[PDB]
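Student: Single-letter residue listing:
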Amino acid sequence: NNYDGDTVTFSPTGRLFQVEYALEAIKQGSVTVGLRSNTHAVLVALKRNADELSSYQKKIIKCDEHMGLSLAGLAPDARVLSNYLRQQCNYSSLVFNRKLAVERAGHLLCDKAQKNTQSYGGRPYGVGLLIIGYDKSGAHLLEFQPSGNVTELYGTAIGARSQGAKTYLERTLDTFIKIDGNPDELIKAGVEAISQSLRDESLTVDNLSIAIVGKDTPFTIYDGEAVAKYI
Amino acid sequence: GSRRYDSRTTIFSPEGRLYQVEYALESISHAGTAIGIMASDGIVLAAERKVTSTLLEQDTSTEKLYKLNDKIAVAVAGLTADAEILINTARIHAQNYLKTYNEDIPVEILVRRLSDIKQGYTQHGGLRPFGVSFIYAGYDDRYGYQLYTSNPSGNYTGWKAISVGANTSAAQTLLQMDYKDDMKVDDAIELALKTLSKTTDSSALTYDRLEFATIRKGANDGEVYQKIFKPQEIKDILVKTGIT
Amino acid sequence: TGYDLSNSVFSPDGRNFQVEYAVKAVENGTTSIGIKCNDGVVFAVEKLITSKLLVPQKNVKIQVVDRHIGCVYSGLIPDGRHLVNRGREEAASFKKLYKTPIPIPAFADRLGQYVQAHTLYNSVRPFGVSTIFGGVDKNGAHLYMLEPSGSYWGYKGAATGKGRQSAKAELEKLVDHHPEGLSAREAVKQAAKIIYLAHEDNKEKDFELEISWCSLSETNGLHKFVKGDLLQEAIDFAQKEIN
Amino acid sequence: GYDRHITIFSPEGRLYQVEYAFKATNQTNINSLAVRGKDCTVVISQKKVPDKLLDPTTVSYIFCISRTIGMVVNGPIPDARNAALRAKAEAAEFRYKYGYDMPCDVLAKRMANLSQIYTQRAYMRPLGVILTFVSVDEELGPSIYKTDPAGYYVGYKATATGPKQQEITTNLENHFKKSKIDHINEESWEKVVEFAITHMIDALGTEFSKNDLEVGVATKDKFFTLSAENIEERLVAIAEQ
Amino acid sequence: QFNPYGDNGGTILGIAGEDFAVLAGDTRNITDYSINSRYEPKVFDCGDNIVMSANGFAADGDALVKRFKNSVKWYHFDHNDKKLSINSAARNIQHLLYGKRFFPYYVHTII
Amino acid sequence: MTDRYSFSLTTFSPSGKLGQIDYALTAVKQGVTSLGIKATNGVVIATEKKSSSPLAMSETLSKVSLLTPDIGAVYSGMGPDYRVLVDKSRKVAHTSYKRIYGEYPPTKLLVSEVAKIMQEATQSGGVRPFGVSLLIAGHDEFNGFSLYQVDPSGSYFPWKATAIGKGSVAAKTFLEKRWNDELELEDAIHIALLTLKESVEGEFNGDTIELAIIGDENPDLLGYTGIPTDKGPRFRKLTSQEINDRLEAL
Amino acid sequence: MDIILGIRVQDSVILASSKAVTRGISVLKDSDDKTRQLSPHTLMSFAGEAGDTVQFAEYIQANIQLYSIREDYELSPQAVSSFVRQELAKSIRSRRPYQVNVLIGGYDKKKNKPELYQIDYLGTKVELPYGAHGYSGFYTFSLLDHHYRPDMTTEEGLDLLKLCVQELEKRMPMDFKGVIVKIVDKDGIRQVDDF
Amino acid sequence: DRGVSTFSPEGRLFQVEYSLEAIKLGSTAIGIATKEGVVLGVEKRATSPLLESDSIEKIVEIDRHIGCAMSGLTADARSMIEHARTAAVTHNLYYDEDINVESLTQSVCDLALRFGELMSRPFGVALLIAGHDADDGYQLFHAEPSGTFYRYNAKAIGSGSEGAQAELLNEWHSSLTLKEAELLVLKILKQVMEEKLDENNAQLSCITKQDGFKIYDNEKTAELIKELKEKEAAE
Amino acid sequence: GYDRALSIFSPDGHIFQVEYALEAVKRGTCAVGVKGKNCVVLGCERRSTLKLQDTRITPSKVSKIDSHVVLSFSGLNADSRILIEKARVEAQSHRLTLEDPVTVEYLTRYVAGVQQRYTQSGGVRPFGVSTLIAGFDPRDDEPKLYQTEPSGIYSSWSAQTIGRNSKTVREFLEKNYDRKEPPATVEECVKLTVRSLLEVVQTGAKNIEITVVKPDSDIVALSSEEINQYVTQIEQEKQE
Ligand SMILES: [Cl-]
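In order, the protein sequence lines correspond to chains S, P, T, U, Z, O, X, R and Q. So the first sequence is numbered by the authors' numbering: it starts at 3 and just counts up by one. So the second sequence is numbered by the authors' numbering: it starts at 1 and just counts up by one. So the third sequence is numbered by the authors' numbering: it starts at 2 and just counts up by one. So the fourth sequence is numbered by the authors' numbering: it starts at 2 and just counts up by one. So the fifth sequence is numbered by the authors' numbering: it starts at 1 and just counts up by one. So the sixth sequence is numbered by the authors' numbering: it starts at 1 and just counts up by one. So the seventh sequence is numbered by the authors' numbering: it starts at 1 and just counts up by one. Heads up: the eighth sequence is residues 1 to 117, 125 to 242, going by the authors' numbering. So the ninth sequence is numbered by the authors' numbering: it starts at 1 and just counts up by one.
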């Protein structure tokens, strides 16, 4: 009310309203799902269009050969953060000849988002990210929120109606976690998960967007006729 | 942050006016009146000191009339402290020109640059404008004798006779009435004093409440002399015109 | 009024309302504690299991500074991380210049001055965390607790978060019943119990326990996480006491 | 009314932020006292440790600025420590630049000038503290100089600060009216501390245990604080007379 | 006075056919009259069917290859995984080399 | 972080008033009375030493300050603001004059430099005006003795005699009756003490009054001998005893 | 760059400047005009380091032309020469100084007098009846000391100038490919096409 | 007042949302993409009859293979075009090749959000960026001040955008010829324009692989206008 | 440095600071530009509340940017000097690097770009000025007349007016100016310009300034008597 003019102001109950308004931008965004087994990690994303004449907004971005994310909210903010991740992954490779740990990737994003919430003039990032990857400690899935909070999970979902997919994964936890050495089945589980967040619309060939990374699989994105298999 | 406390000094009103410039002009309108009159053979500068106290040291005092160089002087109306900042800048600018070209600075060039500084404070920087209006009186070999005025907006114009500060409306009407083009310095001296004597808010115009200066070619052959009048010299010129 | 709208503005009381508002964010956070012992310190924290989908043991909240200092905090987790990042820079530059690892009181003031600096200007926001930290140095064991205002003191026991009062009460009993001192292994067990007892104030979601410790004898003066058998032994001890 | 939020003049020529910083001074509810002997300067302050979980050894409002200068603060501890760190740095730099130990009164002026800047510059808030500096200066002898959020400072024969400052002040005034001198006519610092505690007891009307007080003593070439047992020894001497 | 350059010896050779191209190079690495390694590769697969070797001062050679390999990586990120053509790679390498016109990479580069 | 206040905190109001300067002058009005009188062979500046506490040593707090050997200053208004102005005024006398010309500045020019500093606090970003009015008495070879007043706006005026602060209106009237152009220095000191007694309420003695003069050169206060041209400071602070001697024949 | 001369007579200033541009063992051009018009009644010839000369001349030209537009007024030759000197005086203590020597020939319309200024790369200004830069002076100065008179006409000045060029063509080691002559007077600047 | 980079309670940037309102006030611009080329057309909208309409430059060349139309506060587009032209030429210098239409659009869109308290406010202009490259062929992009860009088969921006977009929805198919697309832009422009459409108050342009980006003459467009009127009367 | 974003969008999609800068232009004295077959004429109003003026030294309303291009304006006089200075510097810089004077379009584009930059730069307000820029391109005999405004938009005009009561004089020009046949001579072009100002001015004495620009850097300002002859001629034909 009087305490939402900028990010530098606390409310009387100890809330940061600008950070909460940034969180709101994610809820308006199109749904995206993340899940993993022990061998692979999968991102599924429902893409959104302006109208029938327009293209579908790309949700998934590659960060390295072993890491990438899906976005929900302000796309330009995801571009800034993904570019930062690309640089950090790259710094780790050039300087230490070392693939950046997915956990450190999260720690770096947390600290970059935080600085924008404690200083005058700036604003919080208006996007949520699901980071997947495969590093020296196996498969990983992270959830980034622009408050700074990063969380490691077996599965999750963000965006509009993400609660449906998040409930499904909470039921299916014991099943999909043990889908080891089988990419297509882990994707099927993810496609069935995102389907619990659909209303009136169904998954079409230029609507669905899938990405996968794992033990002997680089981070690759599937669009167009390449996802027709999973409909 | 600090946005909360920003007055925004360099913005437009809905009517397309600059708030701070308009309010600075309102400030200047309460300052002691200063008059400049340009004659064919010289220029007069006359100014009224702000309500004087009897224990003020009058002879070793400078409030209104300042010397910029040997050929140019200014009469001040507004905040004296603000004027001195600008005067020192103008003095330096005149010496830069002389150092560069080995010639005394043309009057308009000095006026334009000082006016350009004022303009800057109205368009950028977020600072309050200078609450000062000048009357420039000077000579150069291009245009001869010249009178200019500048104000907080940074706009300047040339004049045959002009007043700044308090009661300019009344003062300008009186000057417009009695001024003519073939006028001499001695006549202009009389006009300047007569005008102040009628427009003054004081009971009677006396030597101790005035500053006076002339810029004549009254020196020996083709050269200009600046005369900043002493207290006794103002006392004499006031008697000679029959005001006291 | 309007005195609470801007940071670093004194109210007519002589209070900085923005800092007091940051304390509300801290009170909203999960419970964390610190226990000083014979030859070291023990840290523990409550991790709320929001969902089955959270990977157990893989959202670590306690942070190490240098090799001998442990830090835990309650409130805005990112703000706590920012503070620890600074702590690590402060500790690094101390060791760089003076060779010896930073003493705990010296370290405590470095954070204190940094947090206090964030109450001096309206262009920054106060920290939304109370930080419990400490370790072992040349002068022995030290436990500290730092607040949004920059205020810190040494402590025999410390607690903050949503269940601070329950934890404080339980900590006070240990100080009374053990005047000669509490051992390191005992303090780990006690820490577990107190977190479980403090969880009564946050009992909708079930939780995950996380403990760390520095001890001159048990960990050789270095900060280590409590894991495996020693962790499960502490959990069982806590489970037996609630029933 | 934004003239009450930053350090600019109000219509009646006042700086409300400076005035409110003075009220922050008493937020800790602690009273301090400083007196001068022949050879020494003694400063005493109340020590209140409400929480049982606190480590009482770390609870202090007295600081050792340099080897010769001591400082007691009345106000919140974060601003107190802020002032203490700056003073320490200033005293160290002074010694390096000018080749001799910074006098108590010079440090007081320097810290007072810094406090003045915060009353004139908008982006910096005043510190809500009153700094009392004490030493045995090699030129001016026993010295007490006190700074406030307004940037004001002055030397003192003796002084007191805190909520019940006025009661302590008049108590000291009435003593110096009686003794007819500028100081405590006493040889050892031990008895000057005993005087300081005795007159604080009379003024405040409370009795003190060893843990209820905090004592700082300045002698020639060193300033030091007393332990609990040093104070206890001092309390025994008062009771036995 | 410190001399920032050194000579690591070795030689490289590139030949182009109709539908193929070879880039050869010996595996010996030396300083003065000493052998440092009998097998130290200096011909590298940089991706997009581009092979590269920067012979001369090995520290500058490694630095250049490392930077070009990185240039290929970012070309994919910035231009939708487009294949970097050999002619485009060549022009990109010119800018890498000329970027240090006043403190050069002491190498002969062949791709 | 960083000083984000790069804008003016003093601005023109619709009526043409500069509020902060007016309010600064109001602070000066609240301040303790100080005065300055110019004689034929000297200048005197005086003020009351308002003690904050009887335990406080008023000797340590100096309201009358030496700026150069021939220039002194006193104030009315906010003490801390005055103290830092004295520091800056002493320094600018060296940096912008003595280090260039090898001699101390004349009174009018030092006053001009102090006025400049006070003007900048009226226009610069993120600052308030100084809450003091100064009276600067001084001597120099080509201008002789002079007395200046400096206001928060940066405006300065030369005075034969004047007063500022609490009871300035009455004190100025008193000085108008007593001042003539033939006053000797001792006569000016006598008038200063009479004028000041009217405004002072409590004790009136050498310990509660602070008074300094700009008069003859003082070779005994120079600290060294051997250079004929160096004859000593014209600024001298009257002692507590010297004041009490003149209070008997009052 | 090599030979630049200047002669002030009764009613005009005459500038002569060599046409050759040489680099190494090749005369790259034999019709080079080593001068720029700074204003309608002011002309500046130049000589010195390659590149620096033209860069400096045009920089001065731009500044003087800017002044003329701003004030709607032509600067006096004395004023222009002082401006040029100060630029060179700054330059000499720069990281890389302008190595350019100039002659400034102008007609002052207020005084109705011709004026010739000689300025070297250090910023050393002198007003002269006749001037030269480089090795040219070692021949022409003594020659002009003898034959020059202050009351000479423009035609007499051109004959006096022919006498200098002939001497230089006889005794100078390098072939400078003749000179471009220009006259500055009350009617402005014009070039003599047949010299 | 309030911060420039402030979020609303709904999770949108106030300034970005306000700049979009300025774009709705701007003159209409329409783009249609075909397999034979991309067509770009704009409403000139002269404020007075004395204004020489040929000086109204709302269609602009970025490179030989990329063109651009604008709508909104058109003065803001100058620095955007300048950046685009530099980006396009710079990439050719670094890589000896034409730059992808998408990569060019991304480069322009990176400027968009570089505002705050960098420039003082967002751009108040939307751009239609049309071009061709070897990889993705003929393309049409809509670049907003939000930093977002969508590829479009057809798109209208400006005051008559929502009415024109609904018309494009029906009329567009994947087998449109270039001539058919030219007429379709003129047809839809004539519908949404206030004043009557002619060669002086409307301007056509196209980009083809063979001839590159070309702005049409007033003589050429006039014949297409005459051809359009005859075809509508023919049934 | 002062960073504040002064020019910002409002809920309805307007930048008020830019629009308030237009109000300052509307307050300014009227300025008119008319281009004939072989010339351009710039007419300017001078308000007559200022007597005792010195017209020798008072800044003229029409300013030469180069020998072939001129700039007149309406709005804040102090602001105009900054634009004129920048334009004059750019004019000399163009000659230096391109070895050719500026085209009228190029000079206009530069000035308009400066005006635009001040509408989205922190710490600055927009120029309260609209300009009329007229002249002839190098080695060209086609007349050029351009207009700029605070927002930064610029365009070419056959004839145009700006300033106070400009909507009245624009109305006059819209019916009196034929595109098919512009003023064939200098006299015809000046007369039409004077006629248009006489709809608004007051008296045709020392209130109207006229500046004629012809090809190949041929610019001259008319004197009082010369202008007065047009005023005398127009009034006699009017009484009919
Ligand atoms: Cl200081």
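Worth flagging that the hints you see were computed from the coordinates, not collected in a lab. Don't be surprised by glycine CBs; every beta carbon is placed ideally from N, CA and C. Please note: incorrect hints may appear among the correct ones.
What the hints assert, rightly or not - Examples of chain T residues toward chain S, derived with CB under 8 Å:
hint: 1; residue: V10
hint: 2; residue: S12
hint: 3; residue: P13
hint: 4; residue: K25
hint: 5; residue: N29
hint: 6; residue: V56
hint: 7; residue: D80
hint: 8; residue: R82
hint: 9; residue: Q114
hint: 10; residue: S124
hint: 11; residue: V125
hint: 12; residue: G129
hint: 13; residue: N140
hint: 14; residue: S167
Student: Evaluate each hint against the coordinates.
Tutor: Structure-based check of each hint:
1. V10: Violated: closest Cβ of chain S sits about 12 Å from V10/T, beyond 8 Å.
2. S12: violated, 13 Å
3. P13: With a closest approach of 17 Å, the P13/T hint is violated.
4. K25: holds, 3 Å
5. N29: OK, holds: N29/T within 8 Å of chain S, min 6 Å.
6. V56: holds, 5 Å
7. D80: Constraint on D80/T satisfied, holds at 7 Å.
8. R82: holds, 6 Å
9. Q114: Since chain S brings no Cβ nearer than about 17 Å to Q114/T, farther than 8 Å, the hint is violated.
10. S124: At 4 Å from the nearest chain S Cβ, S124/T passes the 8 Å test, so the hint holds.
11. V125: With a minimum Cβ separation of about 6 Å from chain S (threshold 8 Å), the hint on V125/T holds.
12. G129: With Cβ-Cβ at 7 Å, under 8 Å, it holds.
13. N140: violated, 32 Å
14. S167: At 20 Å from the nearest chain S Cβ, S167/T fails the 8 Å test, so the hint is violated.
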